[PDB]
Amino acid sequence: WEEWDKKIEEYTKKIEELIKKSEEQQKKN
Amino acid sequence: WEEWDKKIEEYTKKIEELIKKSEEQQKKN
Amino acid sequence: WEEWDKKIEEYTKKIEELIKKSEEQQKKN
Amino acid sequence: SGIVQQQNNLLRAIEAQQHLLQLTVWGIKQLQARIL
Amino acid sequence: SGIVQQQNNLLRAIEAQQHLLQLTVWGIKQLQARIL
Amino acid sequence: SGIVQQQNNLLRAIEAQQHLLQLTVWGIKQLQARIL
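Chains as they are written, first to last, in PDB author numbering: chain F, 117 to 145; chain F', 117 to 145; chain F'', 117 to 145; chain E, 35 to 70; chain E', 35 to 70; chain E'', 35 to 70. A prime marks a further copy of an entry chain.
Any given hint could be a false lead.
Claimed, not checked - Computed cross-link-like contacts, SDA-like style, restricted to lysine to any residue with a CA-CA straight-line distance of at most 25 Å:
1) F:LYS130 <-> F:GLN142
2) F':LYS137 <-> F':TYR127
3) F':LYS129 <-> E':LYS63
4) F'':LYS143 <-> E'':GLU49
5) F:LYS130 <-> E'':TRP60
6) F:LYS130 <-> E':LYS63
7) F'':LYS136 <-> F':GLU139
8) F':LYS129 <-> E'':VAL38
9) F':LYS123 <-> E':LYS63
10) F':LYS130 <-> F':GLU118
11) F'':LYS136 <-> F:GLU132
12) F'':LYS136 <-> F:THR128
13) F:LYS123 <-> E':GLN66
14) E'':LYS63 <-> E':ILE69
15) F':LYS137 <-> F':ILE124
16) F':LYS122 <-> E:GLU49
17) F'':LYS130 <-> F'':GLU119
18) F:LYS136 <-> E'':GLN56
19) F':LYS130 <-> F':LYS143
20) F':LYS144 <-> E:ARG68
21) F'':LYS136 <-> E:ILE69
22) F':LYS136 <-> E':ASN42
23) F:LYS130 <-> F:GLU118
24) F':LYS123 <-> F':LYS137
25) F':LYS143 <-> E:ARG46
26) F:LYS143 <-> E'':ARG46
27) F'':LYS143 <-> F:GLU140
28) E':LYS63 <-> F:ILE124
29) F'':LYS122 <-> E:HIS53
30) F':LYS137 <-> E:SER35
31) F':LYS129 <-> F':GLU119
32) F':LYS143 <-> E'':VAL38
33) E'':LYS63 <-> F'':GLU118
34) F:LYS129 <-> E'':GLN52
35) F:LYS123 <-> F:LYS136
36) F':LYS130 <-> E:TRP60
37) F':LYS122 <-> E:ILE69
38) F:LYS123 <-> E:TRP60
39) F:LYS122 <-> F:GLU132
For the record, the hints were derived by calculation from the structure and aren't laboratory data.
Between the sequences and the hints, there should be enough to build the whole structure, so can you do that?
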């Protein structure tokens, strides 16, 4: 469950960053 | 848990609508 | 729960295959 | 098969992830009900 | 409205799936805490 | 960097959501087993 918490947090921040990045790319297009 | 149920339903219908919309856009392309 | 296990496995393999397929299409582009 | 094929690729991945998502919702609701 | 519109379509679907994903995380954490 | 870059953006988002999805599956299976 400790490793579950760490990977949840890792992938959540990765996904959040990718969504922001995609939003910035979308407004340009 | 009540708010969990309401947001699950809210986002589920939003996602379902987006998938249908994308399917209609895809068949056009 | 038996049907839950079977559908989880079904859709997981479908998604994994789609992600690989998309990765191969992306490197081409 | 180009950008258009890759868009269908991604839509299918999203759709199948949605099926997975609804299965995980079902499981959580089953468990919540039994516990609470 | 073309490939560009379909890309916004898919980004919105991904974003909303992420909201669902964080709700399922919340539920699992609630249940784990009560059980364990 | 155009439509092609946005497609890689979305594929990476989907892939990372899939990792999250498999973690939520793991948690549900852990909990189901303990309860039932």
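Each hint, compared with the structure:
{"no.": "1", "hint": "F:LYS130 <-> F:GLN142", "in the structure": "holds (18 Å)"}
{"no.": "2", "hint": "F':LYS137 <-> F':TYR127", "in the structure": "holds (15 Å)"}
{"no.": "3", "hint": "F':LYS129 <-> E':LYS63", "in the structure": "holds (24 Å)"}
{"no.": "4", "hint": "F'':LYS143 <-> E'':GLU49", "in the structure": "holds (15 Å)"}
{"no.": "5", "hint": "F:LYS130 <-> E'':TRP60", "in the structure": "holds (20 Å)"}
{"no.": "6", "hint": "F:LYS130 <-> E':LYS63", "in the structure": "holds (20 Å)"}
{"no.": "7", "hint": "F'':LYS136 <-> F':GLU139", "in the structure": "holds (21 Å)"}
{"no.": "8", "hint": "F':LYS129 <-> E'':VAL38", "in the structure": "violated (29 Å)"}
{"no.": "9", "hint": "F':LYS123 <-> E':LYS63", "in the structure": "holds (17 Å)"}
{"no.": "10", "hint": "F':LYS130 <-> F':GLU118", "in the structure": "holds (19 Å)"}
{"no.": "11", "hint": "F'':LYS136 <-> F:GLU132", "in the structure": "holds (22 Å)"}
{"no.": "12", "hint": "F'':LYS136 <-> F:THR128", "in the structure": "holds (21 Å)"}
{"no.": "13", "hint": "F:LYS123 <-> E':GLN66", "in the structure": "holds (16 Å)"}
{"no.": "14", "hint": "E'':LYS63 <-> E':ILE69", "in the structure": "holds (13 Å)"}
{"no.": "15", "hint": "F':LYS137 <-> F':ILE124", "in the structure": "holds (20 Å)"}
{"no.": "16", "hint": "F':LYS122 <-> E:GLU49", "in the structure": "holds (22 Å)"}
{"no.": "17", "hint": "F'':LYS130 <-> F'':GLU119", "in the structure": "holds (16 Å)"}
{"no.": "18", "hint": "F:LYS136 <-> E'':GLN56", "in the structure": "holds (23 Å)"}
{"no.": "19", "hint": "F':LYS130 <-> F':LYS143", "in the structure": "holds (20 Å)"}
{"no.": "20", "hint": "F':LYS144 <-> E:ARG68", "in the structure": "violated (46 Å)"}
{"no.": "21", "hint": "F'':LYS136 <-> E:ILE69", "in the structure": "violated (38 Å)"}
{"no.": "22", "hint": "F':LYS136 <-> E':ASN42", "in the structure": "holds (14 Å)"}
{"no.": "23", "hint": "F:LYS130 <-> F:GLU118", "in the structure": "holds (19 Å)"}
{"no.": "24", "hint": "F':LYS123 <-> F':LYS137", "in the structure": "holds (21 Å)"}
{"no.": "25", "hint": "F':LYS143 <-> E:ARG46", "in the structure": "holds (13 Å)"}
{"no.": "26", "hint": "F:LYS143 <-> E'':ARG46", "in the structure": "holds (19 Å)"}
{"no.": "27", "hint": "F'':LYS143 <-> F:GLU140", "in the structure": "holds (22 Å)"}
{"no.": "28", "hint": "E':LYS63 <-> F:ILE124", "in the structure": "holds (11 Å)"}
{"no.": "29", "hint": "F'':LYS122 <-> E:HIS53", "in the structure": "holds (12 Å)"}
{"no.": "30", "hint": "F':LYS137 <-> E:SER35", "in the structure": "holds (22 Å)"}
{"no.": "31", "hint": "F':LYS129 <-> F':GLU119", "in the structure": "holds (15 Å)"}
{"no.": "32", "hint": "F':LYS143 <-> E'':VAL38", "in the structure": "holds (20 Å)"}
{"no.": "33", "hint": "E'':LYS63 <-> F'':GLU118", "in the structure": "holds (12 Å)"}
{"no.": "34", "hint": "F:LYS129 <-> E'':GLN52", "in the structure": "holds (14 Å)"}
{"no.": "35", "hint": "F:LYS123 <-> F:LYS136", "in the structure": "holds (20 Å)"}
{"no.": "36", "hint": "F':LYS130 <-> E:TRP60", "in the structure": "holds (18 Å)"}
{"no.": "37", "hint": "F':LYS122 <-> E:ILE69", "in the structure": "holds (20 Å)"}
{"no.": "38", "hint": "F:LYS123 <-> E:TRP60", "in the structure": "holds (23 Å)"}
{"no.": "39", "hint": "F:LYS122 <-> F:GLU132", "in the structure": "holds (15 Å)"}
Taken one by one, the earlier hints fail for this structure at numbers 8, 20, 21, listed in ascending order.
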